[PDB]
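Undergrad: Residue-level listing of the chains:
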Amino acid sequence: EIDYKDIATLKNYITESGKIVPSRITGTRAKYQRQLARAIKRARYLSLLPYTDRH
Amino acid sequence: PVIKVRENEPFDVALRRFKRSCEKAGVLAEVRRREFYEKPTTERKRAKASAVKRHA
Amino acid sequence: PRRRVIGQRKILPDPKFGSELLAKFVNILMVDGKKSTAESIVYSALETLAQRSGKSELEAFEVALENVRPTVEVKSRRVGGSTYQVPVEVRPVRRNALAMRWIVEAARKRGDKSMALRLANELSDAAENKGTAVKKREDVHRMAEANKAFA
Amino acid sequence: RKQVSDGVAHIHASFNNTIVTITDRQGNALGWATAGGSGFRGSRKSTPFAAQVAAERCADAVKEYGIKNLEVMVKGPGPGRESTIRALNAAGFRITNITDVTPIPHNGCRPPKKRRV
RNA sequence: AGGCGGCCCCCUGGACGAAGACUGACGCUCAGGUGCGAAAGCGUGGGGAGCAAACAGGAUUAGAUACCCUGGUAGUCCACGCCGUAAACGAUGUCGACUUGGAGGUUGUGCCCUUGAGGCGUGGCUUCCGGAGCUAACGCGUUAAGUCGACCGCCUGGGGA
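Chains as they are written, first to last, in the UniProt record's numbering: chain A, 20 to 74; chain B, 2 to 57; chain C, 2 to 152; chain D, 13 to 129.
Hints were generated in silico from the structure; no laboratory data involved.
There is no bait here: all hints are sound.
Short derived list, chain D residues pointing at chain B, Cβ under 8 Å: (1) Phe27; (2) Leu82; (3) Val86; (4) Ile107; (5) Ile110; (6) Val113; (7) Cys121.
Just so it is clear, CB atoms sit at the ideal spot from N, CA and C, and this is done for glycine as well.
Let's have the full structure, built from the sequences with the hints guiding it.
TA: Next up, the structure:
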């Protein structure tokens with residue numbers, strides 16, 4: 020949410036397959052969910068939240 | 002995605018879990034959005050038409 | 002029956018045997034209201050049937066019937082456009098009449114001298130289920146199972 | 013052949029058919045069968061018991077390796093992906109858990125237009 | 001306003017919550033005039049996953065230059081212009097003043113021991129019900145389709161067009 024570095028709580032916003040869970044089910048402020056994506060897609064290249072389990 | 006095999010567990014018990022696992026999105030249902038070609042005006046009113054349907 | 006529920010007529014018990022379940026068979030065998038000759042057709046067969054049964058006469062009638070009893074049948078759905086057949090377990094009350102009804106309809110299709118030879122043989126065949134009726138249930142046995150998931 | 017005891021049944025359950033593939037851990041597919049390659053044509057290809065029979069035809073010719081475990085691959089809606097797994101149940105298999113395998117496009121290709129039928 | 005949604009920096013720009021100074025009418029409207037301007041397409045240099053006009057193939061049909069199915073050119077993505085039109089709608093010109101109500105949301109912000117997510121004000125926008133009123137009705141109805149002030153815009157049967 021606030022930062023990409025705490026993937027531990029960021030993980031509750033991701034399904035087991037790496038697709039970011041809808042914040043609607045998770046709730047969270049409307050603005051707060053956006054911070055999740057900012058920490059996830061771009062920070063992907065920092066390896067924060069896994070793609071899925073394929074490899 | 003790994004769908005692993007445990008000890009002593011029948012394949013029937015997970016049978017419920019098998020479809021529940023991907024029903025959350027639906028592999029082919031979202032495949033339904035790459036089968037053909039759609040105008041974005043469709044989704045926007047798709048959002049519009051679906052948005053109206055979403056008002057109980 | 003769409004609004005009104007219905008019952009089934011309580012046919013009289015057999016004058017000689019005193020069995021109500023056996024009553025439907027004679028009525029099933031009864032044609033054009035010929036109760037005068039209908040039960041004689043039923044009465045004669047088992048007397049010859051008993052001779053070629055060994056076990057008994059009245060119980061021999063049941064043994065063959067269990068071979069053709071309709072356990073399951075198909076009731077159509079016909080809703081959307083494809084001829085749906087949703088199976089259902091039939092109450093044996095109507096099941097036996099189907100069992101008895103089918104046996105009667107098969108004797109007429111035989112080359113013997115008379116139904117006394119034709120009916121006596123079929124139930125004797127039906128005792129080991131080798132008449133026209135027993136294969137008929139087997140045919141019904143696949144429509145409910147080939148469409149099992151389509152119930 | 014070769015004894016593996018740990019295989020993989022990749023179930024592709026199409027709208028018209030339900031095809032399941034047997035493979036080993038590296039992904040090197042060992043076996044593969046289809047619901048539509050199992051009798052049913054046209055309408056009947058995409059039926060659950062059609063997917064169930066596909067599992068019957070897919071579930072065989074893959075234990076000939078002596079497979080004793082096999083992780084499973086869910087795939088999409090349709091008649092299969094439920095009956096195929098059920099038939100796989102008939103053999104007495106084990107499965108820990110089932111995980112979604114959906115590629116979720118994040119706004120990729122332009123969507124499809126409904127069949128104006 | 002069209003139109004604007006994965007993430008970060010520059011800049012912008014607009015917008016509203018609390019006091020304190022500043023100047024004093026320095027205001028609203030605008031012919032002409034001036035900028036922008038949804039989508040497609042085209043011109044020109046690239047790019048090029050999906051695809052999908054046109055166009056090829058297979059099906060229905062009596063017939064199907066279509067719907068059903070395989071392809072498919074353009075194009076859709078980065079750079080310069082043009083074209084400046086569309087159900088660009090809340091079918092609701094612009095600015096300033098007045099007016100029962102009802103009920104939510106969101107967004108400032110004081111207050112209240114938050115004595116607890118609460119209670120009590122002070123603004124903005126917006127969501128649903130509706131007094132009056134008014135309407136051909138339909139309904140609108142404190143964001144007025146009820147009551148006033150200025151400017152601009154516009155219509156005079158149908159078709160032809």
